[PDB]
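Just the one chain here, the form deposited without this ligand, laid out as structure tokens.
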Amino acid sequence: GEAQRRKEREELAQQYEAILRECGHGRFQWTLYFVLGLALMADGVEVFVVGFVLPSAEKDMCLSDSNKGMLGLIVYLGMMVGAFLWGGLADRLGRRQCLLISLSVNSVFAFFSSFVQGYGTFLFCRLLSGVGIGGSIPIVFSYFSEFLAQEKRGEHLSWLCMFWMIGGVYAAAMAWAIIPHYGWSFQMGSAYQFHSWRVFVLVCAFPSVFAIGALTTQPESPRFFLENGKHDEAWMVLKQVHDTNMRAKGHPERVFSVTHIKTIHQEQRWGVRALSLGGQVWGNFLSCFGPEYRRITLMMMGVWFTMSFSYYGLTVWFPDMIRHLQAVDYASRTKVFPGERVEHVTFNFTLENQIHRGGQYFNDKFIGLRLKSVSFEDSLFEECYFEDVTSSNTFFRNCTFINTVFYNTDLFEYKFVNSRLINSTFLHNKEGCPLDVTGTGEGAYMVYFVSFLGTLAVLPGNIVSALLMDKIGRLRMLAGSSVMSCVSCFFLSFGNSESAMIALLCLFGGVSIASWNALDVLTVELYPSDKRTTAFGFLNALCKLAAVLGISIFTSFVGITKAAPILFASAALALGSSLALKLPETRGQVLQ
């Protein structure tokens, strides 16, 4: 039984390769390439939105700690769920159908997230958008792979990873061109407010609907039809491919010579259908861990987890340490004023980055003053008067207030740390969040710039991989790029300034992209068409879980030491390279 099935599968694969060779490469392949590139650009865009809008969403939504982190990390959980779900579903419902469903879910919930005002609702909408976009990469690659002959498969697949960086640069550009306009305060309903970051969210949701519009005009993969016992329409899709290719070439007169194609023989209602779908989806998932594929699957798990952990940990680590260096430089420039008596003086002033220690203020009035990162310590205020006071990162530690009045100020009770108030009155307090939120100005711009550089760093290596994918091989390029990634991880010690870390981030980003391209190609060619999408989706979900783990671990280690991240990244990358070097070679074979 198994021998007959294997022989039938081999015959089908060989005849499909012959048919694809007869059809050839041409306009249809490039059109599908651009459509699936839009689909992948949606995924590339999706990963920057919350990171770019967090500085505004914290003020506009009163975000504390453990809410910024979960908001940042929720997109990866969404894709972890979505990749597995849509990968399992696509092998039974079709590549194009599940791609349409997932992209529609992504578009709808990304549109909804732009108008949501709460935090839990925003979390839910963003998690569902991540679920929708999680199934893009597995389905896109396993769908484009079934229209390529064995002659040039590595290069034609590796050219498809350009669109991820394209989406990254698009997100960075629109973040630069939309977010900084804090003035925009469009008002639709008194209790609600719409700022520029919601416009940025909408514009970032646009490429997904563009991808859906492009995908609506493409045919399903003939291999999926052939595996499911569905013959005629697979033949029509191959005929369409051949006709389009030959009409584009300039010979619209030859005839599709293929007449018969070998086909795999096939051997309350809603509940039954759902139960059956779960049934053979679980069957495909388990047969991925079968006797024929159990070593290969474990190598895939190891390589995917290691590279995802290292890459995502370092990618989230670099900007965090840039921020830490900026913060330490800011704390270097702090002025200190020890001992200060001011009596019977009226005031307006603006103070930034100062520490007033042991002051004595009696019968002063502080009318209309702004305080950025100003700390008053061990001070004594007696019969003072505060009015029109605005304060960011301002605290009153160890201070004593006697018979003082706080009129029209934003001095909320969290700014009085270990302070003592006696007979003090708060009147007409300004509107504000119960906790502290940080405002970012031009500091956002550089962030966007840095992000752009990272995406640009990806640009060279892609081309190199795209030019050598078939020439050297999948295993060699994977191991070679992992080796330079480990070396770059070791070289992290020689950097302690912002420019140095920008250069280091660019170097690592430009080095690891060849490894990622080779891993994508190897994952595509290592599985037969009846579990390609299931296995790819499972491995992508593993990648997203490793991304979550690496992000948490590497963000926990910022400002402590620079030996834990280097050690972790180098160990993980060495393990991944070692596990990748012991894989089978698929450079020349029939897709099976």
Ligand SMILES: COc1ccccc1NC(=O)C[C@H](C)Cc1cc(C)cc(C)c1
Contents of the next structure:
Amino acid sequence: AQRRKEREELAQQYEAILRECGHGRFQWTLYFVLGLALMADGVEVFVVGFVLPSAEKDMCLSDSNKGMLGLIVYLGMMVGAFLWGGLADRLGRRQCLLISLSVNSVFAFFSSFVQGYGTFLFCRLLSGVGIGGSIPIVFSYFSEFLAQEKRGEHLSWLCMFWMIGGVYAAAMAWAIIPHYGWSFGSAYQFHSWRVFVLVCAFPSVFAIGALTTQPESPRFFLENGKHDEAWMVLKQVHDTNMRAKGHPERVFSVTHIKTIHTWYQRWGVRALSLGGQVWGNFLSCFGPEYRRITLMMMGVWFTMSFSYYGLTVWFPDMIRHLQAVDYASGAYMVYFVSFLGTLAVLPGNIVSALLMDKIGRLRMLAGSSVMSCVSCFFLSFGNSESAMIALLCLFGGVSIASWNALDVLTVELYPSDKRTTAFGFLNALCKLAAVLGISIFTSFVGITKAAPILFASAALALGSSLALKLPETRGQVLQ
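Alt. form solved in complex with this ligand, vs. the form deposited without this ligand above:
Shown below: the chain alone.
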């Protein structure tokens, strides 16, 4: 009873404080700084999806082992997503983002000097574990600096760095190791997978470097009884915004803010308490206050991730199959298609950013899901390479909007003391759905074109049937 009242007072006051701070230089700087972190995740996703299996096929491996790396690394991503989402609530957004990025960068760096297959697999799996927490923590961290008046518009532009990271990974793959053989012989003569591995780590390293300049979120401090730190961070935000706008004379007027109140021996108690608190936060997502919302968000996330990841990983393979069939009558194609998809997303990002705060998140999600279901089905009508590429561009442009709406809903549907936990759980479910979709769809490449498309269409139809039942978060203070 009492705690809900106090947290409602804090939520009401936080939006007023943010309106006093306003939007400007600080938010955009933080936007770029976290865009680097999302770029790291996009790079890892591309590497796992496309580089590793191609390498395995180009590797001295038994037929039974031609697809293990992607599966195991995605499972590691799932585990890391849940782990880092759970901890971010208790340790902080910036702290957990730094730790996860550090793990990712370190184990990426190690993977360059491995010599076997098990060791490279191990290093890359731990790297996947590290990066898995980037998306939940980034989306929870940035949204806490945004006022309700334009939170949806500003959150819709984060996904571009994911696309740019994927394009970067594809371009580096083409430039350094274009459909070369893979061995663990090359002597790291630039044109070796080791250098590509090292190059792909740069976005994460730069994200770590830049991230150490930004301030921890004030909402986390206020939710945990740290008044003075939150006040200083909010004053920093206000001063930066006003000094950049040409009004340095202004004074931050907020007086007081509502707040909510041997080594092997100490570490044991600390770890047990952290685990208990994280598990308690997780179970709260299934209580009577949130059980329905969580159960429907699970379905929406699962279906959307299934369809999207399955189609994206299946499309290059079926293009290669079409080319092979025509010939019977490589690495550049993936990069070109990635660049085209990144261009196609941009109109969708513009439209979603414009309409998110006007038509609401629910209508964006539902309409975009219906359009994605229809456009994905149109893939069955394409016959030539160009037609397939154009239809996929249409699918991506109409689908990216639903992802922005889903991200905004996931941010706004859960309270600030459990936001990262719920987002991490749903992102782990998304990674599991990606595993299942990539495993199922790719098996049909040499058999039939219709089955993957129909499965994706049915999954998107089911997902769009659930999106209509979620509540609308438009025009409400950040929980």
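Take the two forms, find the largest set of C-alpha atoms that superpose within 1.5 Å, and that set is the rigid core. Residue numbers count along the first chain shown, from 1.
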Where among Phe554, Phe538, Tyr527, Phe52 does the Cα move by 2 Å or more between these two forms after the core is superposed? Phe52
Core-aligned CA displacement of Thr455 at least 2 Å between these two forms: yes
